[PDB]
Amino acid sequence: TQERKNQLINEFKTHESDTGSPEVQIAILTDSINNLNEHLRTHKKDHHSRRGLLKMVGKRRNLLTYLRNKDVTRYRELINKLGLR
Amino acid sequence: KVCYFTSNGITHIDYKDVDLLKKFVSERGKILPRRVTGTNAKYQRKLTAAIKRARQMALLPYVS
Amino acid sequence: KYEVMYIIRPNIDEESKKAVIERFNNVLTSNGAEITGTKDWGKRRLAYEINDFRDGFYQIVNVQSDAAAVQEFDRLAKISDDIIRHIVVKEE
Amino acid sequence: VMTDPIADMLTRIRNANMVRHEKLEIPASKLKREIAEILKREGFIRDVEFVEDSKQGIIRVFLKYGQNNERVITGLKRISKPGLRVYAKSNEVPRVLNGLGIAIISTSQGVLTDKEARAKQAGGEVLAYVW
Amino acid sequence: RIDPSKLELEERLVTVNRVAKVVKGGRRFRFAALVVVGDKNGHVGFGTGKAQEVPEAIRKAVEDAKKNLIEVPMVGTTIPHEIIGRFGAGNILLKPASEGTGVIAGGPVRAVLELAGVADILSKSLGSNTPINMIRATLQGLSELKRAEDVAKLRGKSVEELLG
Amino acid sequence: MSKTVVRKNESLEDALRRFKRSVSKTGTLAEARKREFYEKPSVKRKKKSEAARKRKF
RNA sequence: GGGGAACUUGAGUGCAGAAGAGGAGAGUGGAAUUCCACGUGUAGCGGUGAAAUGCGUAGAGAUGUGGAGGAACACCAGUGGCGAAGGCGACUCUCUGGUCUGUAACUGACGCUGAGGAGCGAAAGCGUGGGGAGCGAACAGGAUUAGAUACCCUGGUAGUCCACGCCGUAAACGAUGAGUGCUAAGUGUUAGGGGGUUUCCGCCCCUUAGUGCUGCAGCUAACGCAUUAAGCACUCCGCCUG
RNA sequence: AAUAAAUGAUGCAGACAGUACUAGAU
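Chains as they are written, first to last, in the deposited numbering: chain o, 4 to 88; chain r, 14 to 77; chain f, 3 to 94; chain h, 2 to 132; chain e, 3 to 166; chain b, 1 to 57.
These are computed hints drawn from the structure, not numbers from a lab. Ideal placement from N, C-alpha and C gives every residue a C-beta, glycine not left out. Hints should not be assumed to be uniformly reliable.
What the hints assert, rightly or not - Straight line, CA to CA, 27 angstroms or less: simulated DSSO-like cross-link-like pairs of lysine-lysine:
#1 r/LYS36 <-> b/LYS25
#2 f/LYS20 <-> r/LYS29
#3 f/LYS92 <-> r/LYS29
#4 r/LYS59 <-> b/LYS48
#5 r/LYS65 <-> b/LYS46
#6 e/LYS97 <-> h/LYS116
#7 f/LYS41 <-> r/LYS35
#8 h/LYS90 <-> e/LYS97
#9 o/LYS47 <-> o/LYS62
#10 r/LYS65 <-> b/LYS47
#11 r/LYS55 <-> f/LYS92
#12 h/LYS82 <-> h/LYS33
#13 r/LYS65 <-> b/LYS34
#14 b/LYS25 <-> r/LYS55
#15 f/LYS92 <-> f/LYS80
#16 r/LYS43 <-> b/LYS20
#17 f/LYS80 <-> f/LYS45
#18 b/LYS44 <-> r/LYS55
#19 r/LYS59 <-> b/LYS25
#20 b/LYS54 <-> b/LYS40
#21 r/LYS43 <-> b/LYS54
#22 r/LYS14 <-> b/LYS48
#23 b/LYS48 <-> r/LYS65
#24 e/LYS52 <-> e/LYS26
#25 f/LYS45 <-> r/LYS35
Claimed, not checked - Here are a few chain h residues that face chain e, going by a calculated C-beta distance under 10 angstroms:
#26 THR75
#27 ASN99
#28 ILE103
Unchecked claim - Ranges between beta-carbon positions, derived for each pair:
#29 e/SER7 <-> h/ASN69: 22 to 32 angstroms
#30 r/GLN69 <-> b/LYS48: 23 to 33 angstroms
#31 b/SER42 <-> r/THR61: 16 to 26 angstroms
#32 f/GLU51 <-> b/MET1: 15 to 25 angstroms
#33 e/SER145 <-> h/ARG13: 21 to 31 angstroms
#34 r/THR61 <-> h/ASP5: 49 to 59 angstroms
Produce the entire structure from the sequences given, and follow the hints as far as they go.
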């Protein structure tokens, strides 16, 4: 912790202090969901973590829809960069 | 009454404090209640944790 | 940060106690766990009885590892008869 | 969320009347300012003032009690709700209590009361009643 | 304010319900009397009474109603505006009518409106048909009425400024 | 049982006087006397909120 | 309503901290029950309103030592805490979810609800393989009763536990759907923040979210609710029509 | 020299009707 977030921020920062950055939030949610699935592949019975992952995925989907409705160029760029297929 | 941790401004109990845990535990060994010890809820929870760890490390008895 | 405290059986000579201490320290450093602090309370009377002794030697060690030498120390102490009790706690 | 500012404005005013309060604070939208000025010129309110701040802007309303103990605004009620819109024509413009009250109606040419809309031969959203 | 009882009144009862109180010996029967007292010039009141006899209960109800008179506007022999009373699960609406419609209401509401001097009113009960609650809701609706001149004075405007 | 503390140079009932008083601060009268028959978890939990607060004991 | 351009109060990210029985996994624990072995030791032990069935002279119970195994975690414990709900209470550790505090730096409406659908889901129950200390449906026996296929007592299978899967029901209740705004007060309480003297200990005031009691207006058929509404209003969903 | 207040768990009691019953007036 405190390394993956900083790296993703430095990578997806459009401005010097751009931290809202729907793209940054999406990247953070993606990495968190991946880290969560890493341990869910073993502790299959942790349903509360599954609910948290569902919440994160809902946030991700809402952000993706907003970005697509706002700027399709940046939406496609984020797609090509992250591979969120 | 007056609490001890607030009066002393102390930090994490540092369960190693066998004398403090002793004087805060009943003579029989049972954990004294909050209404009698005068401590807050947080300090009482930390006290329970410390006394349990001590009892686990043979620093205080289970039965007397 | 992590903290480690364990109890050694009383019927052990000083040289054997030191040898066991160095053995467990080497075990901890098997991964590079720096020993940031050590303390030996010495001979203290146990509050309650254990396997065969009423007293023992208390040993404290401060460590900063990756939770692997911790498990090594645990499985070694649980097996070795020199140590009777031990617990590892986070200093956070 | 809140789904509408106007209904909450009216309900806040109604609660203020029930409690016999003397002031209020509202985000003060343009339509709210218009309704407040209409109520002012209609004698329902003592005085109204606008407070354009940095956040959004605020408006203060001073409830009126002309006599010993009497509520000028006895009751309020909104009609053109967000989900059931009401549009009234010039010939169907209603009157509140045989012309005793007043109902606000946004028309093709500014926001006007029932009588003003009847005189100007217009119609539109019946967005509130007053008694 | 309280209206004085020194006026010509057309006291007229509505119903007389017989109640019973249970005791070791048995049921004790008492008579409950509902009466509406008022004049046809815009003043009316409601009262009730209880006693072991019919005439005594009637007299008590009349005396109580005398102390509970109320005034009602008489704009054009009708009400200035429509209104509804909601006293105790009893909903009754009252609409103004033309000069030739007449009083239209169930027994108690009709009696109250007639004894009040109003001749042309449209009514309809939308709740329980209990006479007590009917009378209470009618009285509440009549009390919640407002006069044109009173409203003009209150809102700091002229009568014509409101009527046109 | 009151305690392991010994007292001598008193009467026979002087010891019982302090026995019956010191036995209150031990579970001999509550912990070892309540568990004579089972209590469902619900009533088990409600019993504390009732007694420890109402001060019926 | 659609399209275009700006804004932060709504919404969310970060910053420094805070609590918690939040979940899954691994290890550890000492009281207490049962059994076993041994030393001391006799005539009873256990039980009911009373009694008996039961165990005991092949030596019981009790006492003392040691061992074996299985479930739960006393005191702390408190309408205290967490969780969306069921629910979660010993200790240590690995992997993890959400929440609150000042947010103002950041994007600038990205928000609420949600038919259908998916997932989760007390206890009981079922299937596979283990395990079984106590408790204990069915069952056997001994009592009471006119009768007792019960309430009491003695034993006691499945079950209670573990890994996987299935079932998807409860008074699953606060018999009160989710979100937002407004609407007197006193009152304890949890985790915080700011201040008015004090380095403090501590007193007071203010301000956040949650948890409890009494109470104005208001609502209600009454009971009662009342800033955590059943008050005053808006949006969406499920349900009701002797 | 003084001197203490206790202790509490009670076993049994099954049924009663089909059709019946009071009013009051300005």
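Comparing the hints with the structure gives:
1. At most 27 angstroms may separate the alpha-carbon atoms for a hinted pair to count; r/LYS36 and b/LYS25 meet this at roughly 17 angstroms.
2. At roughly 23 angstroms between alpha-carbon atoms, f/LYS20 and r/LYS29 fall within 27 angstroms of each other, so this suggested pair holds.
3. In summary, the hint linking f/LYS92 to r/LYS29 is supported, as the alpha carbons are separated by about 15 angstroms, within the 27 angstroms threshold.
4. With a CA separation close to 23 angstroms, the supplied pair r/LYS59 and b/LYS48 stays within the 27 angstroms bound.
5. At roughly 26 angstroms between alpha-carbon atoms, r/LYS65 and b/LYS46 fall within 27 angstroms of each other, so this suggested pair holds.
6. The suggested pairing of e/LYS97 with h/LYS116 holds, with an alpha-carbon distance near 22 angstroms, which does not exceed 27 angstroms.
7. A distance of roughly 22 angstroms separates the Cα atoms of f/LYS41 and r/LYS35; the hinted pair therefore holds under the 27 angstroms criterion.
8. A distance of roughly 24 angstroms separates the Cα atoms of h/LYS90 and e/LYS97; the hinted pair therefore holds under the 27 angstroms criterion.
9. Using a Cα cut-off of 27 angstroms, the hinted pair o/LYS47 and o/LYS62 holds, with the two alpha carbons roughly 23 angstroms apart.
10. About 25 angstroms separates the Cα atoms of r/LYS65 and b/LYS47, which keeps this hinted pair within 27 angstroms; it holds.
11. Only pairs whose Cα atoms come within 27 angstroms are accepted, and r/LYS55 paired with f/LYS92 is accepted, the gap being roughly 19 angstroms.
12. The suggested pairing of h/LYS82 with h/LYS33 holds, with an alpha-carbon distance near 15 angstroms, which does not exceed 27 angstroms.
13. Pair hint r/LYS65 plus b/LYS34 holds up; C-alpha atoms about 25 angstroms apart against a cutoff of 27 angstroms.
14. A distance of roughly 25 angstroms separates the Cα atoms of b/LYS25 and r/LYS55; the hinted pair therefore holds under the 27 angstroms criterion.
15. With a C-alpha separation of about 20 angstroms, the suggested pairing of f/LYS92 with f/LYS80 holds against the 27 angstroms cut-off.
16. As the CA atoms of r/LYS43 and b/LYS20 are separated by approximately 19 angstroms, the hinted pair is consistent with the 27 angstroms bound.
17. At roughly 21 angstroms between alpha-carbon atoms, f/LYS80 and f/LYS45 fall within 27 angstroms of each other, so this suggested pair holds.
18. At roughly 25 angstroms between alpha-carbon atoms, b/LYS44 and r/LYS55 fall within 27 angstroms of each other, so this suggested pair holds.
19. For the suggested pair r/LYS59 and b/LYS25, the alpha carbons sit about 23 angstroms apart, so the restraint of at most 27 angstroms is met.
20. The straight-line distance between the Cα atoms of b/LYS54 and b/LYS40 is roughly 21 angstroms, inside the 27 angstroms bound, and the hint therefore holds.
21. About 23 angstroms separates the Cα atoms of r/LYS43 and b/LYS54, which keeps this hinted pair within 27 angstroms; it holds.
22. Among the hinted pairs, r/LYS14 with b/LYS48 is consistent with the structure: their alpha-carbon atoms are about 24 angstroms apart, no more than 27 angstroms.
23. Of the pairs offered as hints, the one joining b/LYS48 and r/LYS65 holds, with about 23 angstroms between alpha carbons and a cut-off of 27 angstroms not exceeded.
24. Between the alpha carbons of e/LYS52 and e/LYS26 the distance comes to roughly 22 angstroms, so the proposed pair stays at or under 27 angstroms and holds.
25. Distance restraint check for f/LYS45 and r/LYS35: the Cα-Cα separation of roughly 19 angstroms lies within the 27 angstroms cut-off, and the hinted pair is therefore satisfied.
26. Because the beta carbon of h/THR75 sits about 8 angstroms from the nearest beta carbon in chain e, less than 10 angstroms, this interface hint is met.
27. Because the smallest distance between the Cβ of h/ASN99 and any Cβ of chain e comes to about 5 angstroms, under 10 angstroms, the interface hint for this residue holds.
28. The closest approach between the C-beta of h/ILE103 and any C-beta of chain e is roughly 9 angstroms, which is under the 10 angstroms cut-off, so the hint is satisfied.
29. Checked against the hint of 22 to 32 angstroms, the pair e/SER7 and h/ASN69 passes, with Cβ atoms roughly 25 angstroms apart.
30. The hint said 23 to 33 angstroms for the Cβ distance between r/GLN69 and b/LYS48, and at roughly 26 angstroms that hint holds.
31. At about 25 angstroms, the CB distance of b/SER42 to r/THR61 agrees with the hint of 16 to 26 angstroms.
32. For the pair f/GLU51 and b/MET1, the beta carbons lie near 21 angstroms from each other, so the given range of 15 to 25 angstroms is met.
33. For the pair e/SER145 and h/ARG13, the beta carbons lie near 27 angstroms from each other, so the given range of 21 to 31 angstroms is met.
34. Taking the beta carbon of each, r/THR61 and h/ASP5 are about 52 angstroms apart, inside 49 to 59 angstroms as hinted.
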